[PDB]
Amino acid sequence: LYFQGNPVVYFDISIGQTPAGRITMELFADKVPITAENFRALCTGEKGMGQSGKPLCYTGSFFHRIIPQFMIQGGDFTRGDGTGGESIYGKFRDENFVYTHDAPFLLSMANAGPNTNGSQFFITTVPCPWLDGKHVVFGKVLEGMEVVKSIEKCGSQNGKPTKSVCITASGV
């Protein structure tokens, strides 16, 4: 499924034992193809197993770092804590910085410095211009903005979730 020529993917989310609903996302494959495709394939899990010995798939992973008035971060399906994750390419380059963090509900890559993209990502809940030119923006939320806001409410100043926020299904 496509929106404005770009692939659409989804997360189903639970918070604690309770389903919180679905987030659907447009991935900017037209202008950010490498990063968009990594994210798309990790939603479907279509690549199978990673070099880490874990499945290359977001299903079953958590939003492990959640900072209200900033962003929600997930994608660490190898270590669950912000130290792990892996790309479909087995880390990868910052392909460009065409898009900026100018609005809430943008998808951007978490990283540990230049050219260290893995699988960890964040969804902004405010504009984040201080991240421009350091984190690759590669998509945006289409529907489920309220689900993003529900997740954000489970965060802390120190980023520790106060509830378990899980991606219970993912794909296209």
Second form
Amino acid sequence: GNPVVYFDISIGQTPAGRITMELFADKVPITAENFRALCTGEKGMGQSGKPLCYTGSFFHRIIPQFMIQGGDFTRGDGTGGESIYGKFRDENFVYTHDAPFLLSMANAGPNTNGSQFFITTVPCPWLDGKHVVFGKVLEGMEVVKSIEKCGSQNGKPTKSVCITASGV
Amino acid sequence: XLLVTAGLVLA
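Output block for the form solved in complex with the partner chain, input the form solved without the partner chain:
Every chain and every other molecule in the complex is listed next, the one we just looked at coming first.
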């Protein structure tokens, strides 16, 4: 029932493999749909004047033993991103950050979801009730670990990590 | 600290 989406990942100029993700559309349908549509790029051009699509965007902030963060396809540095909806409200906090390899929304406070997201690499319970958890990695866990190793304490990647393709 | 924000990364 739940959509399954993927990112193909390159680290530097080198294809790393694919992260395959389940989105919890059954419990978090608005948040899952935004992410699904940003993987396919099916909504076309956005309000920022760029494609509403993760393809070509990077994991711009990577912290080892914490998480990997991406989805800023408008500014590429954490200051941008946009939802298919034009920010949206925190849908619910049904799921918690109780495991690595969960997908959750980055934000800039309450009810500011756009396109940025993270994949956890540890439990992040201090984020419960503040970031909407909306899926998990099904396959490609080792790719997430390879991305994570490219992180830094200041979050700056030591090698670029690109979503070279995305979709269903 | 360990947050996941979009614009002003905090401690």
